[PDB]
Amino acid sequence: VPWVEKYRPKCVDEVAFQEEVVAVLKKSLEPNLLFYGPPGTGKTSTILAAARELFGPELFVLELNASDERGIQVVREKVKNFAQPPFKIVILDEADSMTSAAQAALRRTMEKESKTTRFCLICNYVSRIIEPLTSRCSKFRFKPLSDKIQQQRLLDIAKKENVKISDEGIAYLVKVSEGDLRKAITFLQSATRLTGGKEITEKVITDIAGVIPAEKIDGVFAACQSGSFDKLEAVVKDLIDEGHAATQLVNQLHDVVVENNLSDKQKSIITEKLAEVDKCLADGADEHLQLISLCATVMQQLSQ
Amino acid sequence: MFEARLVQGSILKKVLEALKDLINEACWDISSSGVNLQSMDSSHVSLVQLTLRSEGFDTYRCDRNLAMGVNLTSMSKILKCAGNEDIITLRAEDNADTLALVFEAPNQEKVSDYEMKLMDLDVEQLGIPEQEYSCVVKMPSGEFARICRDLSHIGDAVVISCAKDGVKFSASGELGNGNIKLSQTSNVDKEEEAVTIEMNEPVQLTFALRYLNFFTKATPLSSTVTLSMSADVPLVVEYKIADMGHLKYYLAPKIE
Amino acid sequence: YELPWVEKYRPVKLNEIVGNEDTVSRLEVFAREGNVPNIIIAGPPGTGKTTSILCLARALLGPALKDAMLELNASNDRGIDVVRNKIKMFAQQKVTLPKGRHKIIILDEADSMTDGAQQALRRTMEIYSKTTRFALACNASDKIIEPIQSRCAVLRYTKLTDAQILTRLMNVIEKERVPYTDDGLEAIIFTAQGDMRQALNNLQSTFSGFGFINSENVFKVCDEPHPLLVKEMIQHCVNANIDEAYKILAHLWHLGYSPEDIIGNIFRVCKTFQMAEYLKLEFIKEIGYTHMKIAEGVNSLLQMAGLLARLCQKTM
Amino acid sequence: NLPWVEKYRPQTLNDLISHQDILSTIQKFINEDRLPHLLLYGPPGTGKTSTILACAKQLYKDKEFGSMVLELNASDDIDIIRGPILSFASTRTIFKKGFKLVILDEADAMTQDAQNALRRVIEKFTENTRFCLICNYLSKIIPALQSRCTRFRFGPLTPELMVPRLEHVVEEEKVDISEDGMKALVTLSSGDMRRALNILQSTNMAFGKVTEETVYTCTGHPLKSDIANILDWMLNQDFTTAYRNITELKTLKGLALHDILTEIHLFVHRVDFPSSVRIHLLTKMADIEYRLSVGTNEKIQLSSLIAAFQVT
Ligand SMILES: Nc1ncnc2c1ncn2[C@@H]1O[C@H](COP(=O)(O)OP(=O)(O)OP(O)(O)=S)[C@@H](O)[C@H]1O
Ligand SMILES: Nc1ncnc2c1ncn2[C@@H]1O[C@H](COP(=O)(O)OP(=O)(O)OP(O)(O)=S)[C@@H](O)[C@H]1O
Ligand SMILES: Nc1ncnc2c1ncn2[C@@H]1O[C@H](COP(=O)(O)OP(=O)(O)OP(O)(O)=S)[C@@H](O)[C@H]1O
Ligand SMILES: [Mg+2]
Ligand SMILES: [Mg+2]
Ligand SMILES: [Mg+2]
Numbered sequence: 038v039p040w041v042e043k044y045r046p047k048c049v050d051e052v053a054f055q056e057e058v059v060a061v062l063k064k065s066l071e072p073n074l075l076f077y078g079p080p081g082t083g084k085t086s087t088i089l090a091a092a093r094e095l096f097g098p099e100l101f105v106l107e108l109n110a111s112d113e114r115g116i117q118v119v120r121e122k123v124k125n126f127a128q142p143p144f145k146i147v148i149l150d151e152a153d154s155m156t157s158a159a160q161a162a163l164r165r166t167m168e169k170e171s172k173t174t175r176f177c178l179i180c181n182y183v184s185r186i187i188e189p190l191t192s193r194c195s196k197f198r199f200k201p202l203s204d205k206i207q208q209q210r211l212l213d214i215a216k217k218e219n220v221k222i223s224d225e226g227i228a229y230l231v232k233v234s235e236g237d238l239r240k241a242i243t244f245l246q247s248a249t250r251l252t253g254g255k256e257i258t259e260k261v262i263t264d265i266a267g268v269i270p271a272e273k274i275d276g277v278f279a280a281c282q283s284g285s286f287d288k289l290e291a292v293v294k295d296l297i298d299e300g301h302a303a304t305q306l307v308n309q310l311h312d313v314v315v316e317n318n319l320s321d322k323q324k325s326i327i328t329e330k331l332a333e334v335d336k337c338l339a340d341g342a343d344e345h346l347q348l349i350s351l352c353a354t355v356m357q358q359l360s361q
Numbered sequence: 001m002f003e004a005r006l007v008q009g010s011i012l013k014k015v016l017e018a019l020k021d022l023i024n025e026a027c028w029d030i031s032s033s034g035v036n037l038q039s040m041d042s043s044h045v046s047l048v049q050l051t052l053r054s055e056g057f058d059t060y061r062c063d064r065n066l067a068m069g070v071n072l073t074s075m076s077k078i079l080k081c082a083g084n085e086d087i088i089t090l091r092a093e094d095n096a097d098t099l100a101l102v103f104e105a106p107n108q109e110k111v112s113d114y115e116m117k118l119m120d121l122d123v124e125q126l127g128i129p130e131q132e133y134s135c136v137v138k139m140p141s142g143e144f145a146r147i148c149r150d151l152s153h154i155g156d157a158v159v160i161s162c163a164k165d166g167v168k169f170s171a172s173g174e175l176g177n178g179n180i181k182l183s184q185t186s187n188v189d190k191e192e193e194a195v196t197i198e199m200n201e202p203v204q205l206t207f208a209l210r211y212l213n214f215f216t217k218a219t220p221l222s223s224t225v226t227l228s229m230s231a232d233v234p235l236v237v238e239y240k241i242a243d244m245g246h247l248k249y250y251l252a253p254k255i256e
Numbered sequence: 034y035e036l037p038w039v040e041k042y043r044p045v046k047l048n049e050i051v052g053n054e055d056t057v058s059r060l061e062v063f064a065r066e067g068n069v070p071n072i073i074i075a076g077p078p079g080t081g082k083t084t085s086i087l088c089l090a091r092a093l094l095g096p097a098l099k100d101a102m103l104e105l106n107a108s109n110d111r112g113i114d115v116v117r118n119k120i121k122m123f124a125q126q127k128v129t130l131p132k133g134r135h136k137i138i139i140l141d142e143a144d145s146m147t148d149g150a151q152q153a154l155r156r157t158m159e160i161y162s163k164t165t166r167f168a169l170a171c172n173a174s175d176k177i178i179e180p181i182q183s184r185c186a187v188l189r190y191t192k193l194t195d196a197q198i199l200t201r202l203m204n205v206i207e208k209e210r211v212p213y214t215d216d217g218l219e220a221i222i223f224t225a226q227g228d229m230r231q232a233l234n235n236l237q238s239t240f241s242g243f244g245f246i247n248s249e250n251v252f253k254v255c256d257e258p259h260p261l262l263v264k265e266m267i268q269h270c271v272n273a274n275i276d277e278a279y280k281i282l283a284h285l286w287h288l289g290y291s292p293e294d295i296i297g298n299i300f301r302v303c304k305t306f307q308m309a310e311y312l313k314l315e316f317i318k319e320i321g322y323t324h325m326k327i328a329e330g331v332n333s334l335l336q337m338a339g340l341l342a343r344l345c346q347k348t349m
Numbered sequence: 019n020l021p022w023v024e025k026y027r028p029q030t031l032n033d034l035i036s037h038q039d040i041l042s043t044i045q046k047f048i049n050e051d052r053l054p055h056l057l058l059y060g061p062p063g064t065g066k067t068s069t070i071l072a073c074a075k076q077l078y079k080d081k082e083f084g085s086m087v088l089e090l091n092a093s094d095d098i099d100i101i102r103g104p105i106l107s108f109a110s111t112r113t114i115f116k117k118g119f120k121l122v123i124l125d126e127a128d129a130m131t132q133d134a135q136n137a138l139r140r141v142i143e144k145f146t147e148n149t150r151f152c153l154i155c156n157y158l159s160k161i162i163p164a165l166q167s168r169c170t171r172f173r174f175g176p177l178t179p180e181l182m183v184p185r186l187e188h189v190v191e192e193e194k195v196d197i198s199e200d201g202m203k204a205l206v207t208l209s210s211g212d213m214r215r216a217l218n219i220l221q222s223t224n225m226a227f228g229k230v231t232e233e234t235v236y237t238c239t240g241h242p243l244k245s246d247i248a249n250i251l252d253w254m255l256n257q258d259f260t261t262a263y264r265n266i267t268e269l270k271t272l273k274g275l276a277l278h279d280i281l282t283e284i285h286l287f288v289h290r291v292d293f294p295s296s297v298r299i300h301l302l303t304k305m306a307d308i309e310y311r312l313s314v315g316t317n318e319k320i321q322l323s324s325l326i327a328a329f330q331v332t
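Residue numbers (the deposited numbering), protein chains in the order written: chain D, 38 to 66, 71 to 101, 105 to 128, 142 to 361; chain H, 1 to 256; chain B, 34 to 349; chain C, 19 to 95, 98 to 332.
Just so you know, these hints were derived from the structure itself, not from any lab. Among these hints, one or two may not hold up.
Claimed, not checked - Each computed DSS-like pair below joins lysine-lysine, with the alpha-carbon atoms no more than 27 Å apart:
| no. | chain 1 | residue 1 | chain 2 | residue 2 |
| --- | --- | --- | --- | --- |
| 1 | C | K144 | B | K121 |
| 2 | C | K46 | B | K253 |
| 3 | C | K25 | B | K41 |
| 4 | D | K221 | D | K255 |
| 5 | D | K240 | C | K75 |
| 6 | C | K244 | D | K196 |
| 7 | B | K208 | C | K46 |
| 8 | C | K25 | D | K169 |
| 9 | C | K25 | H | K20 |
| 10 | D | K124 | C | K194 |
| 11 | C | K319 | D | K273 |
| 12 | D | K232 | C | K79 |
| 13 | C | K319 | D | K232 |
| 14 | B | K99 | H | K168 |
| 15 | D | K205 | C | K273 |
| 16 | D | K200 | C | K273 |
| 17 | C | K116 | H | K20 |
| 18 | B | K318 | C | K25 |
| 19 | B | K99 | H | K181 |
| 20 | H | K217 | H | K20 |
Given the sequences, and given the hints that come with them, work out the whole structure.
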């Protein structure tokens, strides 16, 4: 079994650092539940622990995601089919990615079935869910664990599984997947298969996390800082030939532009271009051309 | 409790085979005066009404009224297990939600017991507006069954027409039209074989044929069928269950 | 029970169809000589396709219309089995008609037949063309597979100009003696958008609900964003006055008009407007862009406000 | 227990509110046996399925209501037309004289071919079965089909009309509603009595008292002060410290960028700008919304929004 589930909480008041959610989940016998929070903060783990506490190990809850490709009708149809411990629990993941018209229909389905099934909407934004669904639900914020806790639990995992990783390795593991304990644990697991347990250096983490090294970002800014278009072509060609996706380059380039000492006008222009390039890439545009364009804008902004 | 002894269960079996395919489930309204069953099919176009008087049974005992909403398909499936000449005893306890059908043998060494599980049906007794019909055709049931089953091969709408000198059933369809006309017999060799048309005004109506074919599955019940009808009033197909009651199908006309 | 005016005043001969003088002229020629080809009449709704085919079939056959015509709507079973049995047995059926007359198989809503049905209909059209003629009707003339269009004359129908709808509306008013006024007739012609059956339905509904016909009353039964408000909003956007155009826009949004409706009316009003020409084109460009973005699903008031901001900043 | 959206349903035809013209015209249709096919369209929760149900209960009886009314939802399924609808419209009911009624809820989820079939069914049997279609987007309905039937736009309820019914509900129940809790309920409802009564009941049942804060916390709607704070960070701060502040607030409470952007648009129109600056803010915010509609990173779109406000 994967480590993302082998080390899940088995009880409600057991390890979940969030206190005001584990207290109410005892009285959960406001008909429905609504969890929201950043990804990988024990959203599904907590309700699964609550369901294994309430129902029991053999009494086994339909979990499906509301972001299906097959429309919304099949979702509510499956809920109806599952409808027929005086109730059953259905879990809706990514419930914020439902359009308002699809939440209206899920509202009708969940309010006509409000006698035998309890719902749990798991999302990352409570504002995306419309006011009927939230008004029928009881909200619960899930805040990520503190950085030190993250490293603590990761060391606990690495000692329970005998994975020889440096402490700076753990620091970089939690830094490379920011505040995402699920992602950090999955990386720790899938980065020890990649070595056979001999040694897990930060290069393996940087490769698995898909993070382009900060050297290449500094090279991109060194080229666009002052130089002809040939340097931009060269650095972009080298960055594409390395395999690094353009999404990661745009992400890290934005992260560097925002929290540096560029002017407000320059930051504004560069970030507008970053957003446009990000949409262009999300629309299937070609990475080389979009990166060339973005670098041309950044160059005409910095060089001036 | 409901304890009724029918000497020949063939009557009950034929009734169930006449109602089986028109209506799926019905509310047998048992009373101290007889047995009734008034219900309309799933399409609300035809209304079957069965009545079995008390005197037709051998020992009919009913002390309290009952409404046993039996599933007619399952009831006929159970009735099939009975023999052709068996004595059939229906027994419904004061309140037990099960109907005991006891198929005795014709004085032999076989007794069958069945406990058909009833179901709760929301009884509804719609009023049947008593009315005076302008034409009453009485004809051998075999002829009406043949006529409907024949014209069903041509078209799905029979135009029944009552003149004075005979009744004609017309039909039309892709492969042409055909009309069967019967004249009232004057020298009735057998009172069964006669075709008697009590006509008070010439009428002409149109009816669907799926439903007339559903009606004609009660032909083993009686040899003579009575088609009574008037204008803008549902036609009435009546089969007289001998000396114990009747089975009466109402059918609403066809539009256009 | 009295039947509506859409039927009480249905033209019973091709001299009374006001739709498309050229195509109806062709069809009158065919009703005169008598050897029609398989015709596919295609065009927008309400313009007189079913009526034209029915009047043509009547004028051709005459009293044998009950015996020589087979109509199959969209509400009839028209699978491959019906096409292979009923339509074929009708094509093969013998009916004796005058010299140049043929049986007619009217397949209304021909764009609703599945491909298998049309494939099964091809050779029936082709073989029995010596005694059977087909007359299909459709709106989307590309829903009919190509081999069926290859054996039919594709007669195109177009929307009706406002003058034709006005003539027929006056012919009906004269017969019904409904009290009217010019603004009411202009309102009906604006809400019709060419559909000659929509216009008659709106006329009858307005007359039956209220009687007198005036624009105030026409927009009480149709009830779409009054074109005067949209004209005023576009005018404020011409003077580069965003804060006064967003006023009208939020007013329209308060009454719950769906943004598709608001854009439909804004387009239909900005097309026949009184701006310059280059400026009108620069406006229609942006309105089309925003219509694309709303049909795609981004239908919030922010997109309408952004459209207003672009329209304003086109004129500096 | 029993929801208030059902306990206070208008049982008669006059208990409907805010549609007196439409209600009077339908009542006149009923009195004169001139009832045409009806097309009731408008935003949710405005009183469509209640208007036609009151009209039905006024037209038939309660025992004729199973054999002469076909209440059919159109979102379950071209086969539904030639199936139960054509078999319901073409056949008479045995002993009852009069037309039938077919009520197609959500009549705009029907494919266009199904609407062609249904239009022919309607056109054919128009004197023994009256159709009543019900939809939210009249634009989704084929112009052919809509032509057939008279159309009624059930717009949203203005707050003056709908406040008396809420006051009657409050007095009949026991709800300690503040003088602005009614206002923050009317505002969040946005003119559909169903959502207003639902929000009111759920908040009164969850917290025990309704006010301008309790309803805003029960529905998770972004408070006005928070959006004012965000606009202040954008308008009167450095780029980076605004990015930091806005991101911290956006992750503190559950807040996406769509809602931030909507409320910030309303504020851009509220507060005073030189009227040549809000043309820029409006353009850029309407582009950021389109960019977010395609599934992009919100960390680069939020920064784009701050860039848009940094015209000042
Ligand atoms: N507060 C917490 N208490 C206990 N375990 C935690 C906590 N946060 C994270 N975890 C662990 O991290 C793992 C992932 O938690 P999940 O509930 O799967 O996160 P998530 O909400 O599913 O993120 P998604 O599904 O990608 S949106 C579990 O195996 C837990 O062991
Ligand atoms: N060109 C026309 N001239 C006169 N009356 C017309 C014309 N077009 C439509 N009508 C009227 O509108 C009614 C319906 O028109 P139809 O012939 O049904 O149009 P249609 O082409 O069938 O529209 P569809 O089938 O919905 S695409 C007729 O009964 C006429 O009264
Ligand atoms: N005009 C009104 N008068 C009284 N109560 C109303 C009115 N409009 C809505 N309601 C209430 O709101 C509830 C829902 O109204 P509905 O008629 O069901 O709205 P709706 O048009 O059916 O919305 P849909 O079906 O989702 S488009 C009813 O149970 C009523 O209690
Ligand atoms: Mg999860
Ligand atoms: Mg037509
Ligand atoms: Mg409704």
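> Broken hints, numbered, in rising order?
Replying inline: Of the numbered hints, 3, 5, 9, 10, 12, 18 do not hold.
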